[PDB]
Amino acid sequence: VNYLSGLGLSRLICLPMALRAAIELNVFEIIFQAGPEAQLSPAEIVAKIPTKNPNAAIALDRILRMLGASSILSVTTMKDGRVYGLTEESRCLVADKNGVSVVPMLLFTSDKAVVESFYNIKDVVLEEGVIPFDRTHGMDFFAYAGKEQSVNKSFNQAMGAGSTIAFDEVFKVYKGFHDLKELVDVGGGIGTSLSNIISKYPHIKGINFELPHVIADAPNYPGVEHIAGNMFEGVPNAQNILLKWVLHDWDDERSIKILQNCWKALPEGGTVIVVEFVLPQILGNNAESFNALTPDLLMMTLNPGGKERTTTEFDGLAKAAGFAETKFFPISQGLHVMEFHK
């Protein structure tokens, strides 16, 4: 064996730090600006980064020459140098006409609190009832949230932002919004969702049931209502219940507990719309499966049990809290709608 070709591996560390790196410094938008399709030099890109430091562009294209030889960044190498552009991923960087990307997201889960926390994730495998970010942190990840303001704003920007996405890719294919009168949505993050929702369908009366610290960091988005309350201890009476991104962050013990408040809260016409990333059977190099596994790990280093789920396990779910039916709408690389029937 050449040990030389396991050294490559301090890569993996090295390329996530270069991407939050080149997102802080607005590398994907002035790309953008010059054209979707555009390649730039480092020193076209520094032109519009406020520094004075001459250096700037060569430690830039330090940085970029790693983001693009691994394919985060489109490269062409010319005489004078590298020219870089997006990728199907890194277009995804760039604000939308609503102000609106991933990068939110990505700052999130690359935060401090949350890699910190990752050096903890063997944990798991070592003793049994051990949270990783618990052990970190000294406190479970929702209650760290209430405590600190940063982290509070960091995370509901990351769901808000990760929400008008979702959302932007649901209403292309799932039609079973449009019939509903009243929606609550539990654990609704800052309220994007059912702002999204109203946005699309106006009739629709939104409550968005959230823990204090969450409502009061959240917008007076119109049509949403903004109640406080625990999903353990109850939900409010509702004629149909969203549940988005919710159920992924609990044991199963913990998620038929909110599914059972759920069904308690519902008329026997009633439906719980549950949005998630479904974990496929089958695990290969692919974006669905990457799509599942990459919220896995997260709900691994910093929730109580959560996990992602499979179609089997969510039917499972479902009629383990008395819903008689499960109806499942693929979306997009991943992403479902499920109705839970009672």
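Positions refer to the first chain, counted from 1. For the two forms, the rigid core is made up of the largest set of C-alpha atoms that agree within 1.5 Å on superposition. First, how it differs from the form deposited in another entry.
- Core-superposed comparison between these two forms: the C-alpha position of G35 differs by no less than 2 Å.
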The other form holds:
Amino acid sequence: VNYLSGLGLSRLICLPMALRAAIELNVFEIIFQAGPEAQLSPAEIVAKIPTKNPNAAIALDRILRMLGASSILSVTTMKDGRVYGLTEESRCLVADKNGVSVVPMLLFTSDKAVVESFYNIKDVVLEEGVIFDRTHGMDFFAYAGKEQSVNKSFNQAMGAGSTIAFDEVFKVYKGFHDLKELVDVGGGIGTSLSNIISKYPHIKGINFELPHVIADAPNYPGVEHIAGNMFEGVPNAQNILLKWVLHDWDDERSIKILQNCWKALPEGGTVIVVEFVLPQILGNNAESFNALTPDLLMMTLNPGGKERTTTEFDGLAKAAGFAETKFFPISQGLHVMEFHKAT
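Coords for the form deposited in another entry, given the form deposited in one PDB entry:
The following holds one chain only.
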């Protein structure tokens, strides 16, 4: 009945593009640097933006306006204009003391190559077996090996997410305690292993990745980088880490990965899986969005991939030869899961 304000549903595409602009203009760091609970005018923010455009503050106010009404920024309207401060939702856009924030992930997820592929997600409903591989011509990981800007943006997105995930993991999960050697299958640029190793310096880390990812991985002490193809085989390992890998693949390919892991482990070895877990009852909450967001990104980037429930992860482990599963909830849907090879 309210068609008039239903036209405002166009805000759903405006908001993420306004946010990307504000991130690229470094708005949130400028606000945070001004003081603990600073509220800055657009002109005060523009003072820290490298531009000599006199109309920059008027233009910036149009972007921050939308973010404030959307609760990404606080907006207080005063007589000379609006002033903007951080909110609980935008704190994560400011780097921590090690220089890590969600920004690399947010820029990747809204990058051109991803948003372009989003126009074809209805084809996964309409066309059996069709797959990015439409929109672009190869699979996402091959495309990354070919487009270095995408490789870098994705690798940095996953590295930032890795620091963020393991900072949460280490408050709850102590299973890395007794380990001596850990092979990270698809471990990205090695950030996960570096985080683990810095916490447990006795761990020998081996990062197992595609050549075009390894080529741009920095050298962390205690980490050796090995190139390979996890579908053909995984290096012999006392224990294996599998973080944000299984959710890239359908059941058949996930079982193949896990079976290769099983073959590389000795009796008693463990695969440590780190994923978000799809809740049984979905709703408007952090645990739901934390799984539904990567699930939709998978549908456009590697639709074989999908997020899974605890029951589905146990089913993958048992189908791959693992006898015992153990589930360790971390935070808001993030889980560590242990797949134990029998002793």
